[PDB]
Each structure stands twice: as structure tokens, then as C-alpha cells.
Amino acid sequence: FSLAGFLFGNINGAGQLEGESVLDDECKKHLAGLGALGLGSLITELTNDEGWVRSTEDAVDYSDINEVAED
Amino acid sequence: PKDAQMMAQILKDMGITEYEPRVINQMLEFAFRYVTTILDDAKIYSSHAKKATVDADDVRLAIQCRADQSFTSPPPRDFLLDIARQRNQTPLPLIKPXXXXXXX
Amino acid sequence: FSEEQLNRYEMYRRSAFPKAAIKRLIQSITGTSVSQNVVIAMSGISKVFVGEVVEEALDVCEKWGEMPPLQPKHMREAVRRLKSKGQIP
Amino acid sequence: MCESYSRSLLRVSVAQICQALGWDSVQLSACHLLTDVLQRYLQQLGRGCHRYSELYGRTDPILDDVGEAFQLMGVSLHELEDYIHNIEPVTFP
Amino acid sequence: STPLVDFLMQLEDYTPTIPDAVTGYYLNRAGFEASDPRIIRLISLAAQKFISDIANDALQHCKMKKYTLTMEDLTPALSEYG
Amino acid sequence: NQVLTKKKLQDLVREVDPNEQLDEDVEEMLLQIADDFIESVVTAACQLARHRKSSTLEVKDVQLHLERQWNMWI
Amino acid sequence: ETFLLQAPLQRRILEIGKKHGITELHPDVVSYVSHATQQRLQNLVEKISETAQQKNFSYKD
Amino acid sequence: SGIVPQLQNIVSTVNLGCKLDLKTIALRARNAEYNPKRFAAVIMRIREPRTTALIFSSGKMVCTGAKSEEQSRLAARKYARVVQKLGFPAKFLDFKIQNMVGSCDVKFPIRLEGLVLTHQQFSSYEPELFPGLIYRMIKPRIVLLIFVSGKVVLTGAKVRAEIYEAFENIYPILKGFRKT
Amino acid sequence: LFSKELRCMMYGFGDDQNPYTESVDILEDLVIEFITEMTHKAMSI
Numbered sequence: 036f037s038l039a040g041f042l043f044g045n046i047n048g049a050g051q052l053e054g055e056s057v058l059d060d061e062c063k064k065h066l067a068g069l070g071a072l073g074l075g076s077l078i079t080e081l082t096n097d098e099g100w101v102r103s104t105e106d107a108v109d110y111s112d113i114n115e116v117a118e119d
Numbered sequence: 013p014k015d016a017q018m019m020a021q022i023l024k025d026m027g028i029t030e031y032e033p034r035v036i037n038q039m040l041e042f043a044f045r046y047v048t049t050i051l052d053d054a055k056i057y058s059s060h061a062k063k064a065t066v067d068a069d070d071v072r073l074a075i076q077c078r079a080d081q082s083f084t085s086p087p088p089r090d091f092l093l094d095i096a097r098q099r100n101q102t103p104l105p106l107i108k109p110x111x112x113x114x115x116x
Numbered sequence: 113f114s115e116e117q118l119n120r121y122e123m124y125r126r127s128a129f130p131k132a133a134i135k136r137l138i139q140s141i142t143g144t145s146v147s148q149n150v151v152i153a154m155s156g157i158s159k160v161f162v163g164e165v166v167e168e169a170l171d172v173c174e175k176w177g178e179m180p181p182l183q184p185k186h187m188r189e190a191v192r193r194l195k196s197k198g199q200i201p
Numbered sequence: 028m029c030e031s032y033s034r035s036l037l038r039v040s041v042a043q044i045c046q047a048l049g050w051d052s053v054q055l056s057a058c059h060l061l062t063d064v065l066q067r068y069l070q071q072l073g074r075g076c077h078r079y080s081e082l083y084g085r086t087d088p089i090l091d092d093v094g095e096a097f098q099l100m101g102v103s104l105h106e107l108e109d110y111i112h113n114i115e116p117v118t119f120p
Numbered sequence: 113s114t115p116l117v118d119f120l121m122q123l124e125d126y127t128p129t130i131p132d133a134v135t136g137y138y139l140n141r142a143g144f145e146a147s148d149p150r151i152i153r154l155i156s157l158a159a160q161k162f163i164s165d166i167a168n169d170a171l172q173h174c175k176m177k192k193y194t195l196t197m198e199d200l201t202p203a204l205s206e207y208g
Numbered sequence: 055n056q057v058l059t060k061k062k063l064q065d066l067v068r069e070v071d072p073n074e075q076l077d078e079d080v081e082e083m084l085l086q087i088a089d090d091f092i093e094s095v096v097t098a099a100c101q102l103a104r105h106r107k108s109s110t111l112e113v114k115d116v117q118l119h120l121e122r123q124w125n126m127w128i
Numbered sequence: 870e871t872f873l874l875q876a877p878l879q880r881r882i883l884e885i886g887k888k889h890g891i892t893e894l895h896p897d898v899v900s901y902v903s904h905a906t907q908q909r910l911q912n913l914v915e916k917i918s919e920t921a922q923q924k925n926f927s928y929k930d
Numbered sequence: 159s160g161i162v163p164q165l166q167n168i169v170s171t172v173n174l175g176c177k178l179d180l181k182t183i184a185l186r187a188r189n190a191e192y193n194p195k196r197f198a199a200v201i202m203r204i205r206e207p208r209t210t211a212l213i214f215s216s217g218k219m220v221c222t223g224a225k226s227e228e229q230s231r232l233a234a235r236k237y238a239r240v241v242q243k244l245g246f247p248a249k250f251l252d253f254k255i256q257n258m259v260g261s262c263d264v265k266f267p268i269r270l271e272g273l274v275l276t277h278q279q280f281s282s283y284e285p286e287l288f289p290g291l292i293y294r295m296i297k298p299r300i301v302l303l304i305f306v307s308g309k310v311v312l313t314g315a316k317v318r319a320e321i322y323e324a325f326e327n328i329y330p331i332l333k334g335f336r337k338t
Numbered sequence: 031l032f033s034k035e036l037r038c039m040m041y042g043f044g045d046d047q048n049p050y051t052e053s054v055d056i057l058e059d060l061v062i063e064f065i066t067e068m069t070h071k072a073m074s075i
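Chains as they are written, first to last, in the entry's author numbering: chain A, 36 to 82, 96 to 119; chain L, 13 to 116; chain P, 113 to 201; chain C, 28 to 120; chain N, 113 to 177, 192 to 208; chain Q, 55 to 128; chain D, 870 to 930; chain T, 159 to 338; chain S, 31 to 75.
Please note that a few of the clues may not be correct.
[Claimed, not checked] Covered stretches of chain T, going by a simulated chain P footprint (3 or more residues, C-beta under 8 Å): (1) 268 to 275; (2) 285 to 297.
[Unchecked claim] In silico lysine-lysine, BS3-like type, Cα no more than 30 Å apart, as pairs: (3) T:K218 with T:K249; (4) A:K63 with T:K337; (5) Q:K114 with S:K71.
Keep in mind the hints are simulated off the structure, nothing from the lab. Ideal Cβ placement from N, Cα and C applies to all residues, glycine included.
Modelling step: build the complete structure from the supplied sequences, incorporating the hints.
Dropping the structure here:
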């Protein structure tokens with residue numbers, strides 16, 4: 036699966052880039068280009097209204113967990 | 013088809029009799045292609061007039077331009093001007109040797 | 113070689129048009145959305161056009177005796193000459 | 028009815044170039060129009076050579092005149108060598 | 113080694129595919145009389161390359177809907207004097 | 055009277071081909087046929103400005119006559 | 870930059886336009902009419918360069 | 159030099175030590191993406207640190223988005239705790255930083271074409287395909303992307319020292335290929 | 031639209047590092063109508 040952006044910072048795996056800082060769009064477009072030229076080795080190292101993932105009615109936000117799990 | 017009958021009416025209007033049908037059909041096809049170039053000019057001067065329709069003035073300036081293109085002729089006023097120019101000159105020098113005939 | 117040839121070939125190499133304005137013009141002529149590869153291709157072909165124009169303007173300038181910066185008559189004279197040679201449609 | 032044989036031979040030459048390129052089927056009227064385009068292009072080459080050569084006091088067409096006639100009408104001549112090595116050992120006369 | 117003038121020299125060696133009598137006759141209608149057949153060779157093989165470039169454009173557009195010359199393929203061939 | 059100097063003509067001529075044995079009256083005949091071409095461009099521009107039924111000559115009419123003649127790019 | 874003479878040609882263009890119903894013009898566009906004319910002259914000059922190569926006929930080559 | 163490469167991503171992996179039911183995780187947790195016909199892993203996002211994980215059914219999990227190692231370890235521990243709180247006996251086994259990306263600015267433009275002509279055994283450059291130069295440094299094994307504004311992007315490191323060493327190695331060559 | 035990026039393209043093909051802005055506006059016009067007619071030819075096929 037094409038994880039060229041995964042090294043580059045905050046993608047989903049589908050190929051959509053996110054960032055705390057903002058890189059140029061040449062990074063994202065030519066990143067979709069970068070999947071061929073030799074980044075694929077590091078990729079193999081690293082591995096819409098109708099589009100919404102279904103969930104149970106009592107689903108919890110786990111984004112805001114503040115606890116510490118054991119080492 | 014019907015276009016052969018139309019060319020038959022044309023050549024009956026021309027009064028002269030003997031032809032070939034392939035010449036007739038190629039005249040037909042090149043004539044309809046000149047018609048489609050007139051229609052392309054109609055598209056162009058409808059687009060540059062910014063109107064969806066083809067006016068009569070579209071046909072008028074299209075046939076003015078294509079009469080300027082491939083409908084050439086010598087002017088009779090220019091014929092009279094060249095007549096005055098050349099006929100005003102009355103030179104006719106004669107030499108002894110006339111075997112030579114080149115000066116390129 | 114010289115320092116100015118360095119500066120001039122690097123300004124050659126990385127000159128490119130903004131994607132926003134190319135996308136805006138192509139979407140204000142077509143009237144629909146266009147892919148970004150079309151913006152890449154159009155900016156590249158436009159760069160080829162600009163390059164041929166500036167080169168012909170240099171030819172005009174040096175054959176007129178005059179020296180650069182290129183004047184409006186030089187650039188426009190150049191695009192004109194590139195049309196006269198049957199090289200741009 | 029006798030000029031049509033040379034037209035048919037030019038059609039055979041077009042068919043041989045298509046055999047070299049590998050066309051299976053073809054619209055026949057397109058090849059008839061392209062043979063017409065060939066005959067008109069050959070006549071344009073000839074007329075260009077004569078209009079170039081009557082500017083000499085003599086008549087003789089030389090190779091550089093015909094080369095400049097092709098460069099006038101837009102032909103890059105170097106690939107002609109490569110093109111013959113494409114064609115003459117592969118298409119039979 | 114200047115291969116173009118070497119090509120003009122070695123024009124005496126080639127044998128065309130188009131009949132040189134037919135090319136000669138169509139140049140007789142075009143008024144062209146060469147006792148040297150090398151110019152006939154050059155014009156014939158150049159007309160072959162003309163057909164080859166047109167049919168190559170037709171072949172490159174033939175992959176867009192075994193191979194068939196179409197009016198769709200004839201349309202980029204009209205770029206010269208169509 | 056005239057609308058073109060001999061200066062700019064000879065500038066472009068000896069700009070392109072300086073080392074040519076070229077005559078003078080040839081160049082004035084070229085200028086006269088060029089001024090006739092100016093009159094033809096004026097006629098075409100008047101026709102294509104009467105096209106839109108306006109009274110001001112613009113870029114589109116000139117550009118369409120150029121597409122008839124050169125196919126420019128400005 | 871003013872290849873043809875702008876003022877008398879512009880007066881003649883306005884004259885022939887007012888005889889056919891065209892009141893005004895646009896200035897750099899009429900300079901562009903002059904501009905396409907001056908490389909109509911250089912199209913003639915490209916033909917002149919072709920005839921200069923015709924003058925370069927090496928018959929002793 | 160006074161230019162310090164600022165980190166943009168650290169990519170890590172960890173083994174939770176237990177087989178996972180990805181459908182249960184996708185249905186019970188919020189902000190989760192799972193599309194098995196296209197991608198066999200759960201795609202999950204959390205906000206502090208702004209990070210994104212890929213969760214396998216086997217128990218191995220791969221992490222994005224942190225700009226420091228402690229943030230990546232904390233984020234990976236948080237996604238492991240998401241796995242833990244749903245009823246699964248998740249562990250935290252064999253944590254390791256797998257990949258690093260930083261970026262910086264040298265404040266001068268750089269001849270890439272002269273660079274690919276003079277360092278053809280280390281670089282490759284095609285203007286129409288990708289305008290930045292790819293420099294494959296051997297010691298350390300770092301891939302670099304060089305731009306005309308001066309931005310240099312450094313990738314492939316396992317530690318911060320490889321990023322710093324790679325920029326300190328390439329910087330005098332870039333001074334040798336400066337615009338002035 | 032292009033007045034700052036095209037100046038860095040005018041210099042890169044052999045003009046001066048500070049060319050006349052008149053030529054920059056003209057060359058911007060060249061670009062706009064270039065893209066226009068190219069787009070008109072592109073849609074036609």
C-alpha cells in the first residue's frame with residue numbers, strides 16, 4: 036500500500052496529507068509521483097456522503113485519552 | 013442518388029452533353045466540402061459576433077472574403093492603365109545580330 | 113565559466129507559473145473543472161513558448177546592435193518572427 | 028482508362044507501406060484520397076523544384092536544389108538514411 | 113563525418129520500392145526530367161516517409177477508440207494541408 | 055504621404071542579411087506592395103469591425119484576420 | 870515602437886472607417902496592425918534570404 | 159552553520175502481542191477508518207500529539223505524525239490504550255523508530271543541474287517529472303530533496319544524528335553551488 | 031498575474047535581471063492568449 040506520504044508526515048494510508056506545519060503542494064502532488072522513483076523501498080519498510101465508517105450507537109471518543117499505559 | 017439528378021439538371025442547363033459520372037461525384041463531394049467550409053466560417057463569425065445564430069450578414073461577409081480568396085479576375089480599369097502605360101511607350105530598337113535572345 | 117551564467121541557468125531551471133492562475137484561466141475558458149496534470153502540461157508548454165520568445169528577442173536585439181534589457185519592440189518583434197518562420201501556431 | 032494503372036501502382040505502394048507498418052483493415056476511400064494527396068504532393072515538389080530552378084539561367088536540377096526544396100516544404104533530411112534502413116531491406120520492390 | 117553528403121554520394125547504390133518509371137511519369141506531368149535516377153530515388157523514398165509519418169500519426173491515434195485506419199485517424203493527418 | 059520610412063526597412067534588411075549585393079528599387083517596390091497589403095488589412099479590419107456593428111477597432115478583429123493569415127499568438 | 874508612421878496611417882484608417890461607419894480605434898491595436906505589416910515585410914525578407922542562398926549557388930563545388 | 163534541521167515526522171512500529179478484531183475496533187471506537195476491500199488496517203487519528211496510526215489484525219501497529227520521539231512513543235502508547243480499553247489484552251512490545259523526516263532552509267538557491275552533472279553517482283534529476291533533486295547519501299544513508307528556495311528535506315534516518323550529519327555533510331557542497 | 035514569476039523566466043533565457051516591465055506586461059498577454067488558443071484547440075479534439 037502506497038505509504039510515500041507516511042514517512043513525509045501525517046497521511047491516512049489512503050494518500051491524503053495532513054500537517055501541523057504546512058508544506059508546499061509540490062510535496063503532495065510530486066509525493067504521489069514519488070511513490071515510484073525509489074521511495075517504494077521505504078514504503079515496503081513502512082508496511096463523500098456515502099463514505100463514512102459505521103459505528104455502534106454508544107461509541108466513545110478515544111482521541112482524548114489522558115492515561116498512561118505500561119511500558 | 014438525388015445529387016446525381018441535381019447535377020443532371022445543372023449539366024442540362026449547361027447544354028453540353030458528354031461527361032463521366034466520377035467527375036460529377038467528385039465535383040459533388042468537393043462542392044459540399046466548400047459548403048462545410050462556408051459553414052465553418054459561419055461558426056467563426058457567429059462566435060466572434062457572440063451570437064448563437066447565423067445572420068444574413070454572416071453569409072454576406074463570408075462570401076465577400078471567399079470572393080476575395082479564390083474568385084480572382086483582372087480589372088478593366090487596371091487593363092486600361094496598363095494599356096496607357098505600355099501603349100504610350102513606342103520603342104522598337106532593331107539590331108544587326110538577333111541570334112542572341114537571352115538576358116537573365 | 114562565470115557567476116552570471118550560474119545565476120541565469122538556475123533562473124532558467126526553476127522558473128514556473130503559479131498553479132492558481134493557470135487553473136483560473138483554464139477554468140475561465142473551459143467552464144468546468146480540469147485536472148492538475150493539465151496545469152503541469154500547460155505551464156510547461158507555455159514555458160517553452162516564453163523561452164523561444166526570449167531567445168528570438170535576443171537574436172533581434174543583437175542583430176539590431178542594441179543591448180539588453182529587452183524592449184517591447186524586441187519581444188513582440190520576436191514572437192512575430194517565430195510566427196513568420198512557421199514555428200508557432 | 029490507362030492513367031488508372033499508375034494510380035493503382037501507387038495504391039500498391041501505399042499498401043506496402045501499411046504492410047511495413049502493420050495495418051489489418053483500412054477505409055478504402057481514405058487510401059484513395061491519400062494516393063491523391065501523394066500525387067498532389069509529388070506535383071508540388073516538382074513545381075517547387077521548377078520555380079527554384081528557373082531562377083537559374085540553365086535548367087539542370089542538382090541535388091542541393093532538391094534538398095533545399097524539401098527543407099522549404101518541411102522535411103528533416105538526416106532521418107532519410109535511417110528511413111532507408113527501415114524500408115529497403117524490409118519492403119520488397 | 114558529414115553523413116548527409118555521404119548519403120548524397122551513396123544515392124547511386126540504392127534501389128527503391130516505388131517503380132521509378134511511375135514516379136518518372138508523374139514527374140513528367142510535373143515537368144521533371146532527370147536522366148540521373150538518384151533524384152527519383154530521393155523523391156520516392158521521401159514520399160514513402162511522408163506516408164509513413166502520416167500513417168504513424170494514424171497508428172498512434174489508432175490505439176484510441192487489429193488496427194483500422196478511420197476518419198478519426200484521418201483528422202490529425204489533416205494537419206498539413208487538410 | 056508615405057507611412058513608412060526607408061530607415062526601418064533597411065535596418066531590418068541589413069539586420070537579417072548585411073552582406074548581400076541587393077538593389078534599391080526592388081525595396082521600394084516591396085514597400086509599395088506592402089502599403090497595398092496595409093490597405094488590404096484596413097479593408098479586412100473595417101469589414102470585421104462592421105461585423106460586430108460597433109465603431110471601435112479592437113483585438114479580436116485583427117486577431118481573426120491574423121488567423122486567416124498567420125495564426126499569431128499575442 | 871512605431872515601425873510604420875502612426876499618425877498619417879492612423880488618420881487614413883479613421884478616414885476609411887468613417888466612410889464605412891467606424892468612428893474610433895484603440896491605439897496599441899493599430900500599432901499591432903502596423904506590427905503584423907512589418908513582419909509581412911520580413912516574410913518577404915525570409916524569401917529574400919532564400920533568394921540570397923540562391924545567390925550563394927556554388928557551381929564550382 | 160546556524161541552520162538546524164527541524165523535524166517533520168518520526169515513523170514508528172510496535173507489537174501489541176495479541177490478535178485483534180479490527181471490526182470491533184472500527185465499530186466501537188470513534189474517529190476510525192476501516193475498509194478491508196481497499197486497505198486491511200484500521201486508520202485511526204488522535205489529537206495530542208496530532209498523530210495517525212495503522213492497526214493490523216495481527217497486532218503490529220505503525221505510527222505517523224510526531225515531531226519528536228517522546229511524542230511518537232506517547233501517541234503509540236495512546237493507540238495501544240485504545241486497543242486495550244476495548245477489551246483486548248494489548249501489550250507494548252518492541253517499540254522502535256523506523257523512519258525520520260526533517261526539513262530546513264539554507265537561505266540561498268542551489269544549482270541542481272550542476273549537482274547532478276558533478277555528482278552523477280549519488281544523484282538523479284529530471285525537471286519535468288520532479289523539480290527537486292534527490293541526493294542519495296551513503297554515510298549516513300539519507301535521501302535528500304533540494305529546492306530552489308533553499309528548502310532541503312532529509313529522510314530515511316533511524317536517529318536524529320543521521321539527519322544532522324546528513325545536513326552538515328551536504329551543506330558545504332550547497333555553498334559550493336550557491337547563487338550569487 | 032505572472033509579473034513576478036515571468037520576470038524570473040525572462041531573465042533565465044538570456045534577458046537582463048531587471049527587464050522592462052512593459053515587456054513583462056506584454057509577455058503576460060502572450061501567456062494569457064497563448065493558453066486561451068491552446069485551450070480552444072485542446073477542447074476541439
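Item to check | Indices of hints not satisfied (ascending) | outcome: Violated hints: none at all, because every hint is consistent with the structure.
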